[PDB]
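A.B. asks: Assemble the whole structure, with the sequences as input and the hints as a guide.
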Amino acid sequence: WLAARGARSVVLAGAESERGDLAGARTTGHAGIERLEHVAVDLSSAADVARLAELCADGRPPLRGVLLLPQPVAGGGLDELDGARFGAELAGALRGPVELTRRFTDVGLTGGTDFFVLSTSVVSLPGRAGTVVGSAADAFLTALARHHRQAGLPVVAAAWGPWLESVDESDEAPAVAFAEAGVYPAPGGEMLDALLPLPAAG
Amino acid sequence: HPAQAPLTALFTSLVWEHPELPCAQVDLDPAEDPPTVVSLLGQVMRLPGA
Amino acid sequence: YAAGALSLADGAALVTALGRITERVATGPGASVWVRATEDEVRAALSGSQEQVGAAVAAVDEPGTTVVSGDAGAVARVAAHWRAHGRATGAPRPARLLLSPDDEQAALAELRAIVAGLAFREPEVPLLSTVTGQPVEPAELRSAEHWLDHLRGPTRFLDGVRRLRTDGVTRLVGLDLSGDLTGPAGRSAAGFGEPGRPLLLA
Amino acid sequence: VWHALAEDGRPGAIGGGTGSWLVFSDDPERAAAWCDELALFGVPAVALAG
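Chains as they are written, first to last, in the deposited numbering: chain R, 1468 to 1669; chain H, 1367 to 1416; chain B, 659 to 860; chain A, 1215 to 1264.
Hint data in this document are derived by calculation from the structure and do not stem from the laboratory.
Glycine included, C-beta positions come from ideal geometry on N, C-alpha and C.
Hints may contain errors.
Estimated spans, in silico, between C-beta atoms of each pair [what the hints assert, rightly or not]:
#, chain 1, residue 1, chain 2, residue 2, range
1, H, 1392, B, 829, 25 to 33 Å
2, B, 832, R, 1661, 51 to 59 Å
3, A, 1246, R, 1548, 51 to 59 Å
4, R, 1643, A, 1261, 37 to 45 Å
5, H, 1369, B, 841, 49 to 57 Å
6, B, 821, H, 1401, 57 to 65 Å
C.D. replies: The following block contains the structure:
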């Protein structure tokens, strides 16, 4: 999508970027991009997240847009959940986006940027059985986004549907469960097209 | 206030998992004086379900 | 008068008669107080020790308070005892019940011929009374022994308001020139019958 | 989207003496205050604290 929208300089900020099969991602990244890099940053660490400030300070053009993508959260209803488990799993679900959003705002990478999008599920608007920690995470990010938006920053929380490209051809069953519940996938590039032009203007 | 967020989550976590039990979330203003408890319970007993 | 059971002339006679009996009570040696305890709790304390005999349950305006009136000596020691048990209590005010069965003879020397001289007629609509908590019959209304019970007995206002709401009264209007009667009406009405059935007070 | 209950926004009655109400709060003074309020209206209640 960034290639289709003509992004000349792009950086990938996550540990997956130097352990996954990203040669296909770099290959589609041959279109429109003039500079492409991977940090292999562990987003759980504030010191390693702060290293991302070099990406705007370096001789490459300055940072102007940010997209934190959807994340896995484990299953759990109200049974098999307690005050020992909850304080571990909710921290794990939020540590990344919270510390990134904080540090980027503390040193002007936020506001020095036209869009800054935080991922959450559309399923978290009414909520669903068996996903308590994920519901809590989406609720917390929905609050944190407004706190910065009211300060004058173009931060937005996106409650997206499932990305069609993320339906693994090895196992459609997570999509089949949602399809019976009446939530259907859509192309991630079309969801980005319907939202990322907006935050500076509406 | 972001630290309130587990309350909205726990409400919806009940609505789909003990679906026979009636419940409601009321969100107060954090800085105005809180209302009389008979007003809170009164308007809530007009909801069947959730 | 509003029920059509009396002419304005009958009403003018009866009020001006009952006023003279009311003076003889109000000028007397006795007193009254409110205590934040219900009829059962106060009527039990009336038996619980011999030292506090000499005052009685004069009104039941609401579930949460009842009025004690009689000899000022009984009123004082009742009021202390409930603050020691931990309830709230009002400051003393004038008497509100007859203080002797001689006073009953002083009233019966007055009301009999006066009441027999009223041009009563059968009610157009149900008249409820704080002497009864029930509809007055056409054979009862004509007796001076009814109208004298307001000075003798408990003012059973709660039981009257409860029969209005058993009998389908949705909305309840208050001619509050003295005693703020819409307040006691709301607090006695709003905890009985089905949940969420309407109740308008004005 | 939040809609005001400007239409029909009146509380109605609490559902009779079927059982007690339990009040738990971060503030003991708030829990006690609502237990006093439910007493004025003839509703049985118990105060709880952490």
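A.B. asks: Using the Cβ atoms, figure out if residue 1369(H) sits within 49 to 57 Å of residue 841(B).
C.D. replies: violated (39 Å)
A.B. asks: Holds or violated: 37 to 45 Å for the Cβ distance of residue 1643(R) and residue 1261(A)?
C.D. replies: violated (49 Å)
A.B. asks: Can you tell me whether the CB distance of residue 1392(H) to residue 829(B) sits inside 25 to 33 Å?
C.D. replies: holds (26 Å)
A.B. asks: Take the C-beta atom of residue 821(B) and the C-beta atom of residue 1401(H), compute their distance, and say whether it sits inside 57 to 65 Å.
C.D. replies: Check failed, 30 Å falls outside 57 to 65 Å.
A.B. asks: A range of 51 to 59 Å was offered for this pair. Does it hold for the Cβ distance of residue 832(B) and residue 1661(R)?
C.D. replies: Because 57 Å falls inside the window, the suggested range holds.
A.B. asks: Please test the hint of 51 to 59 Å on the beta carbon pair from residue 1246(A) and residue 1548(R).
C.D. replies: violated (31 Å)
Of the numbered hints listed earlier, those contradicted by the structure are 3, 4, 5, 6.
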